[PDB]
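Consider the single chain below, provided in structure tokens and representing the form solved without this ligand.
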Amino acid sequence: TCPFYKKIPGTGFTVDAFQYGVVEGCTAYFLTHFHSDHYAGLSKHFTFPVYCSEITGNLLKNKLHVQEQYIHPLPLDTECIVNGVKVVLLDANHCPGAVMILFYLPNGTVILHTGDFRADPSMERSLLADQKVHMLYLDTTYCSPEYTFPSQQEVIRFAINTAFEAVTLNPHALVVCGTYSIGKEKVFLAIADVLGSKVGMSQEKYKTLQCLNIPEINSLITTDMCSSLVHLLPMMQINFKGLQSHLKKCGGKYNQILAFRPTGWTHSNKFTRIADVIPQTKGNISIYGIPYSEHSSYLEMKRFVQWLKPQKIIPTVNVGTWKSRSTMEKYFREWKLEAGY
């Protein structure tokens, strides 16, 4: 049954709560983004209203086959009334279609639910700049100071330069990129763009990416693998055995593979700067792990929260252990005492 931190008090609303059957009192189910832990439970048989972005709605219809009558897309940055309550969707700087939700409760309380997000100073000039937020439901994925990583821009610079150098030295090299969900599309699109190639992939992944309704992405994708020198594969295949096996299938077109595994944070970020990163190599196959995050660093999160000055914080990630909960609560108090709210 549905946990407390997925319920919006004083409303009939839940957020990212599709795996609990019918939720008692829920008149509308919000979905922040199309990632499996959040949508878990949705299908063609779902018969309650779903509120989400246009992009999330495209994915619900085409990938999970939710019936069109139950899909309620809302535009971003626009005041909307849902079951007698004013709501706003804001871009979360996470994966495509991902939103934060502002709820204006009838009693005068204002609640921000971040969904999953990567906090940025640009959010300090959204529709958030006006008004007070009483409660914040916060993506606390990396809420500890050990979690550091580069900007997305620096990581893409490293990837483009690495790929361009390798293929300029060896015109017969293949670039492979790993994927298990939507998000992080810039990695493979930026590499294909510098190499003058389209990105080749399965029919299933092409369809998933087609549901994002964006011409720029559409010009750079294909299902014709043979005509492409940047290939996408499932993340589980990005290992020496899986890549060896893939290389056999290309029919003596290539004699080297350079592969990228976009991860989140890993312990190596404690030690090694992005510019100094080196691959794992076996024979004619090299694999780079690159720290491309779509969640806030500790410092990004702290800056956002200290700016917003919420009266109460409810974490939505790392909620299962007393150690985690106690650590997060200590940081929230430090931030409050330093900033004076």
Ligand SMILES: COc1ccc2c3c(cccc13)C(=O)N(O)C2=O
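C-alpha atoms forming the largest set that superposes within 1.5 Å between two forms make up the rigid core. Numbering follows the first chain given and starts at 1. Shifts are known only where both forms have a C-alpha. Compared with the form solved in complex with this ligand:
Compared between these two forms on the core, the listed residues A190, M135, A173, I217 keep their C-alpha shifts below 2 Å, save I217. In sequence order, there is only one run of at least 3 consecutive residues whose Cα atoms each shift by 2 Å or more between these two forms, relative to the superposed core, and it is 213-218.
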Given for the second form:
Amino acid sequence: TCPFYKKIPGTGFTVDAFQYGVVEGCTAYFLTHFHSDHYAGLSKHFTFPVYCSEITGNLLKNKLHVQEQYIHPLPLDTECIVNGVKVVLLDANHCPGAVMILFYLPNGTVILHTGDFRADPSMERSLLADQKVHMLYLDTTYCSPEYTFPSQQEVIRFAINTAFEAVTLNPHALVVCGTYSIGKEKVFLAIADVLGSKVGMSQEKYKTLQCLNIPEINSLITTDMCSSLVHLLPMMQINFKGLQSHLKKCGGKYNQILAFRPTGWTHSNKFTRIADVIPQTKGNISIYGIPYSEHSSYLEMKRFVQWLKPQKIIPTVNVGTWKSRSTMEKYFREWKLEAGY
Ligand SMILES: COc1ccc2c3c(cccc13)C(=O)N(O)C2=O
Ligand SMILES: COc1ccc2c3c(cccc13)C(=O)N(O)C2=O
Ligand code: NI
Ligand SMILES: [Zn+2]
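For comparison with the form solved without this ligand, kindly provide the form solved in complex with this ligand.
Below is the whole assembly, all chains and molecules, this chain first.
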């Protein structure tokens, strides 16, 4: 049962629809980015063409072992023709390799699928400025006004300052950052840079980062944990028990852990500004939850949609309940009446 919001009308295209078997009529499967809820179903035994960014294609080949004959990477900001239809991939400001897709239908309809994105004013000067867009398939993850969080710049500044202070006060403190999906790499890269260290991680995480075309990555990451003052761990280990366990394995090199858990929005945001964020502490371990989002805030999403002025909006997130659907449609109507389209 492939949902309608993953189908592109007038085409043989689906978007992020790999867990529904052979979709009837689908001649090309697009993947917006390498996140689990979006590539779900893709495996080494997929035998249909997959269209994606170069970075996403690297991850499909090396992490999911999809055969190269079915991986069709496309450059960004470049008009391409897929099965007789003009398409453009645009940077989504989400995770590495994440794209939005512009479809130019033969009948003149223009469709923008945002994939997952964090709307930014720089998108208002992309190839979208040249385009009337009739249908918008919109990442509505945080489509409610209570969803406020700081800029990525502000969050990284807090993380850098917090880590530099803690390690300058105690040179025997270890910094740990939690990760699961790709994305939010700036958190641990910026901290390692201010500490003059490479980032140590597992072989599997190292493999993943090697696929991301990050400039000078070999100067920034390592599998030699002993040489690193900043360690990556699975997000599930970012707790007092998991961190105590990791500290023991470091052989008495460290006597303190400062850990960061990059989250999306938490209602702590509704009460606390980034400068007033405090950690959870138990003994010699402190855990900071930092609101580093790679999705649009409500205000960022509203600004983007009011600039784009689409004729029709199709939400791709929070579609499962009538309450969420009615809430989002109320906001779309508000935005349209305020802006005048
Ligand atoms: C369990 O934590 C996640 C699982 C899946 C995803 C995800 C994302 C952000 C942040 C967290 C997650 C995301 O952007 N996407 O697409 C995902 O699939
Ligand atoms: C199972 O838990 C998730 C599955 C998918 C997603 C997700 C996210 C946050 C937090 C959790 C999840 C998210 O932001 N996005 O985009 C997702 O697709
Ligand atoms: Ni995502
Ligand atoms: Zn997602």
